[PDB]
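Residue-level listing of the chains:
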Amino acid sequence: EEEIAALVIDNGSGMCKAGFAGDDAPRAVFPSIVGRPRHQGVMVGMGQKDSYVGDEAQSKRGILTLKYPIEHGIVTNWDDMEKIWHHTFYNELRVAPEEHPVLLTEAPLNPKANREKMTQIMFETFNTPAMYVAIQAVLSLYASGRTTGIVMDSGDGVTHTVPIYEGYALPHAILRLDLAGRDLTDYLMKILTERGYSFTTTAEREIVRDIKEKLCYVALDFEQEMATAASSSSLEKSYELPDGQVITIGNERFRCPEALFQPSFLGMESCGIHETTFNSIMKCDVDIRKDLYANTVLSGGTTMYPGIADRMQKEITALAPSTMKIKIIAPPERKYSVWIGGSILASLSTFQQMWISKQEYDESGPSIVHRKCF
Amino acid sequence: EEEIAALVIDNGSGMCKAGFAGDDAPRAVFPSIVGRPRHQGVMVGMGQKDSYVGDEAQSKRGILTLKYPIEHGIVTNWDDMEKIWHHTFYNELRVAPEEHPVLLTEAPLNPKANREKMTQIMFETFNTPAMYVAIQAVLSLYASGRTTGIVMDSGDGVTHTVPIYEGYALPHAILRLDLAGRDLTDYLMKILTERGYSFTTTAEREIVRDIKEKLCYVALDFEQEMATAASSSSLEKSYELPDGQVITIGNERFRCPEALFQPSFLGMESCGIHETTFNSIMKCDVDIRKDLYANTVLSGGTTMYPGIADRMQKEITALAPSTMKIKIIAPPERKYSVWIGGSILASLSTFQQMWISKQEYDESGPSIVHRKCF
Amino acid sequence: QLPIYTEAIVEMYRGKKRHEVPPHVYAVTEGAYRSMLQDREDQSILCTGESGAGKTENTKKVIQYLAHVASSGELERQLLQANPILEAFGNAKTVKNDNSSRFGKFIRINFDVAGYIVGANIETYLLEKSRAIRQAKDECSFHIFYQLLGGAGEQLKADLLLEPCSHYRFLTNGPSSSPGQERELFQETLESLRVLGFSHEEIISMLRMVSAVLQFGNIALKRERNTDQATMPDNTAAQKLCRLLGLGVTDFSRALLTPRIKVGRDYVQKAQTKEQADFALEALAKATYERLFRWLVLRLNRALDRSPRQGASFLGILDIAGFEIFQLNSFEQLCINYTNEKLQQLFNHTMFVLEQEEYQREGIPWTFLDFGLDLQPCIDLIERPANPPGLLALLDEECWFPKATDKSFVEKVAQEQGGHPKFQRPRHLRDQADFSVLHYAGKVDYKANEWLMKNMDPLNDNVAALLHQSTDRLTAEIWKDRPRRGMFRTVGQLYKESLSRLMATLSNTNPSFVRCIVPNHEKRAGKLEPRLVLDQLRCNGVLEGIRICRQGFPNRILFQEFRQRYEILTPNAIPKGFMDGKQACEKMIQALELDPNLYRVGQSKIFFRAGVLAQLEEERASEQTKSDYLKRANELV
Ligand SMILES: Nc1ncnc2c1ncn2[C@@H]1O[C@H](COP(=O)(O)OP(=O)(O)O)[C@@H](O)[C@H]1O
Ligand SMILES: Nc1ncnc2c1ncn2[C@@H]1O[C@H](COP(=O)(O)OP(=O)(O)O)[C@@H](O)[C@H]1O
Ligand SMILES: [Mg+2]
Ligand SMILES: [Mg+2]
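Those protein sequences? They're chains C, A and F, same order as listed. With the authors' numbering, the residue at position 305 of the first sequence is 305, and numbering never jumps. With the authors' numbering, the residue at position 240 of the second sequence is 240, and numbering never jumps. What the third sequence shows, in the authors' numbering, is residues 150 to 221, 232 to 640, 661 to 816, in sequence order.
Hints should not be assumed to be uniformly reliable.
To be verified - Pair by pair, the computed Cβ-Cβ distance ranges are:
no. : chain 1 : residue 1 : chain 2 : residue 2 : range
1   : A       : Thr-202   : C       : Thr-248   : 56 to 66 Å
2   : C       : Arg-38    : F       : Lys-566   : 16 to 26 Å
3   : F       : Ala-219   : A       : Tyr-90    : 54 to 64 Å
4   : F       : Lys-381   : C       : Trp-78    : 50 to 60 Å
5   : F       : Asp-425   : A       : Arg-195   : 22 to 32 Å
6   : A       : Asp-79    : C       : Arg-38    : 34 to 44 Å
7   : A       : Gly-307   : F       : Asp-425   : 50 to 60 Å
8   : A       : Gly-62    : C       : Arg-38    : 48 to 58 Å
9   : C       : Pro-129   : F       : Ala-800   : 47 to 57 Å
10  : F       : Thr-386   : C       : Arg-38    : 49 to 59 Å
These are computed hints drawn from the structure, not numbers from a lab. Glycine is no exception: its CB is placed at the ideal position from the N, C-alpha and C atoms.
Isolated chain C (complex conformation):
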């Protein structure tokens, strides 16, 4: 075949988004979880299967304890990650990685060890001709088809912010904020408890993740919505648990995402996301700011909440000079923006020379990741 295709994998914590480069959507997207049988089984002709990976784990949740191998964009446990990748290639895609160059995503400002060790695995686990490790934000910017913008990247892992102008990139200006979907989830299960509902275990932690993925939304003004919580009508929603129990969540709903804008709720000093965006833009040269204000791109799973764009717009506009208009461009399909970006990058002809080649690695070692790529 010509070009051999190429493989693309986005692993921020939470989800693996994988598929062939050269396609508009990934084939396989499943949770990055390694569940292990915590309870000793007593039958015969079970499994045994030491552990389960991917949406298999979601299916068989109750038995397993689930461990997310990636936290804050850092891989805690490598064998687990390897297992997840194994599952992606063999269980879903059904590819021999020897037959494809593979692109990995990775978060900014992230420890060297992850990049280096990541590459070490790809070469000395799944024998592969070539690979590349790329910054998440840039990829989403490509996916949006814009050359310039400040990409607000918040996955389940961590939140990141990379201003870009006319390609280029500003290292000093790049900002990385420790908040995530996962931290919102931890907050949310906390806030439920004041209602009586107690979710103590990893299994049901994912149930609240599911709740947040739909029920929660961001206030266009927090205090107003909280005021109107007095007369509860629309702000309460019934949710059905798999157990059959019913949950009813009022104001607690929208204050969950509020945390992004008020990390004091979580107890961290680190400024809210909008202020971090200012922190990034303000670090940039005076000249370019005009378009960064106007070209803010949101990406990642934890920007999905309804109404986030609007709130960011209102806050940024409030803070900034009203001399210039602040457009925020947040597409739907943002969740997959990183992966799409990866697809487009591996599809690019010129890119086909920038790969880290197996050969190059074998001569020069794992450390070469930083040398060559950003």
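Put chains A and F with the ligands on the given structure of chain C with help from the hints.
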């Protein structure tokens, strides 16, 4: 021969159900009773036979006092148990236990001593190559051919409840309730006495056991049926005693099994069986409950009463979320479910390595029962 | 058709060793006959599966020899007549061949101590009964089914109530025409039965049950909302069945759906799933067919007449399908392979004892491993029930355990038994087939799909009992029945048992071996397709035989021959002629510089490795080149 066959014995109190592993029904099933001649005989060329075991005792009831060696899943008297096993092997099956591995059932949450001492006997009474001691509920779940369910196991011994999901098993969730066929019998002979019929002795205690095994049934609503007892037509039934006396039992019929649902009748606080099932399910992880509500399996002799399934369905449905449908799967042939399960387990190839070997016992002692098996 | 098989040739063969004459069947069967009168022990002739080859036709020629030798009313000419019967019932149109024997045929020719024919009987060990229920993607079931369908007129069809192929669930892949016009073949087969002396009545009865097996398909069990048990809302089909047998519809309906089981001494019902009852239906189909087949063989042997019985000994002739390989290779393929494994092993053992005894006859003591052992680990891989359990055993375990999938099966066998060197998991990209083993023939790939379903053959004792009570003579007589009988009972298990019987029978006797190959598809001579012959050499074990004998000392030459023939080799070593012919060889081997590992000194012969004589022959052509040169030069100059 290949595989040597294998032997299976279910001893919850009341009945020994024994036969070859690898068959759909046991060969021998007889009451676990050791009758002793209480009255001194005066002839010559009698017996003497110090005692009788098995349905022999049933045949010659009047003379004997019967002693059930097992109470509440605990063996009161070991020599008696040994005698019963003796009878099973030599009198019915006609096997040398040296030539067969033997599987025993045993109830959950049961004293260690019973398992340990059980094994001690099997090795140092009937010399046997290998043996295993297995939980009653699991076996019935196998017999039902389902991988998941909450098995309500009530024999004559005691009642037990073990939720199982996808194999696995939840120790904390396992529930054991002190009610049984035998307690119903004791209640029943009490309740007859208000009608005039007085059954004071072990002999006729078994007569009432027999009555209960047919005449009694469970109300689909207790109070309604008791109300309709005013106009007695169908609720009375004539029963014939072996004496030739006739008994006529009305409302007293169905309130006997009612006890399972209202142990206040018996004077115990311990919740009714349906509530115990909820106690089990509620102990389990939120995720799996959906299928446990739907997969409740009834086993054991004292689930045989007509209408039990329906009542359990109505009560559980009433208590639970009506968001999810509560199927109860109670097969006919449930009585033998444990033994069938044993047959299927010993038939399994892989199981053939999990046996407790004679050798292993000889090195490691009797205590190894818990170490190896559940 | 070759001029061979005259009387002069056969007479010519008599009482001689195999080397003494040219290769022929008459020779090997002469070996068998002579070994019997000589050794007074029974003999067996193994023919390995090849078409369609006319293996039977050849075997008729073997019988012809047998008749002429043993004397003192023609031969059993009805043996020719038997072929279409067993062919019709037993064989099916498959990818390899349009006619192929599924069942093994064991033909016993009974001989008195005098060496004369007392009579003969046929025995049929292995059958694939699962073929009737279930089939390959592009193949046909047994011939009789199709030839019944097209062949029977309204006269017979109206009794049997046969329908076209589309009507039956049990018939896969539709009609799958196949004709051949058919119908004519069926007509031939009826006469073939009749001459044998079965009554028209009996034939009609037979054909009725052959319908009955097919009818088991028309029954539909419908799963019921909420309850497990399922049921049969449509009485029509099973009503038809009940007409076709002795069964009362109601009796059968209760029995099938909710059977009663003896939990001694008092009976109790059972709940059965839809799946379970379906398997029971398929079981009774399959078991019914098997029973039918068995009865045909026995009734046939009654149609064969014997003189004074029980005297004295027999010669078995085994016709069975050889080691098979397809692209896909399903379950039946595995069973076939398993049997061919054991047969091959017997051959190795036989060869082993032959060589070991040959060494003693030549006075060479040598110890070497049993050749049979080569196959043994592969056999244990498939068979061994216990410590590590076998593929068949593990399959059975999968089948019974509650929610069994094919995937759980393969995973389980990998986990349980992957450490086995003959077992190979392909892994990674496809590799369409999900696991593979390494036989004598080579590496074969297996697809695990629907193996659990093929394996299940639970049999209801209740329905069986009803059959035993049937009104009609035929079926009731058939069902005139220990193991795990009832539920459990798996096809793999039964098959294994049946093979064990066969291996015992063959093992009792002294076997002899014939290997048949077809050159081409053409059905014409003068064309040998090397690839096809390679393939056949793989599956018949002949390659294994060569790789066996190589391990020993295959080339055996006498002293005298070795000296007279090869003397040219070493003028130096060979003395002035002390003679006795031992000393010659001593000298020759000595100066020719050969490893003592590579030969032995025997009484009448020297045993040689492979390639030793290749070197020596090269020294004879080199020596001859030297001598050609010296001669030609001397004459010239
Ligand atoms: N539909 C949704 N609505 C709101 N929040 C969501 C939704 N889907 C996912 N999330 C949140 O975003 C997270 C997924 O982020 P993801 O894009 O997988 O990050 P990454 O690409 O870095 O792995 C989830 O864990 C959840 O907290
Ligand atoms: N046909 C029946 N109908 C109602 N109750 C029965 C019936 N048969 C037995 N029982 C009750 O159940 C008991 C038998 O339980 P069993 O299955 O022997 O327990 P285990 O298996 O633990 O020994 C009897 O003592 C009786 O009280
Ligand atoms: Mg991301
Ligand atoms: Mg019991």
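Hint by hint, here is what the structure shows:
1. Separation of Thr-202 of chain A from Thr-248 of chain C is about 58 Å and conforms to the stated range, judged on CB atoms against 56 to 66 Å.
2. Remark: the range hint 16 to 26 Å for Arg-38 of chain C to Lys-566 of chain F is upheld by a beta-carbon distance near 24 Å.
3. The supplied range of 54 to 64 Å is met by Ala-219 of chain F and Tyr-90 of chain A, whose beta-carbon atoms lie about 57 Å from each other.
4. Checked against the hint of 50 to 60 Å, the C-beta distance between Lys-381 of chain F and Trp-78 of chain C comes to roughly 53 Å, which is consistent with it.
5. Restraint check, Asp-425 of chain F to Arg-195 of chain A: a C-beta distance of roughly 30 Å satisfies the suggested window 22 to 32 Å.
6. The hint said 34 to 44 Å for the Cβ distance between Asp-79 of chain A and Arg-38 of chain C, and at roughly 43 Å that hint holds.
7. For the pair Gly-307 of chain A and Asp-425 of chain F, the beta carbons lie near 22 Å from each other, so the given range of 50 to 60 Å is not met.
8. Between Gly-62 of chain A and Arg-38 of chain C the beta carbon distance is about 57 Å. The supplied range of 48 to 58 Å therefore holds.
9. Range check, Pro-129 of chain C to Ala-800 of chain F: about 53 Å between beta-carbon atoms, so the 47 to 57 Å window is met.
10. Between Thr-386 of chain F and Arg-38 of chain C the C-beta distance comes to about 35 Å, which lies outside the given range of 49 to 59 Å.
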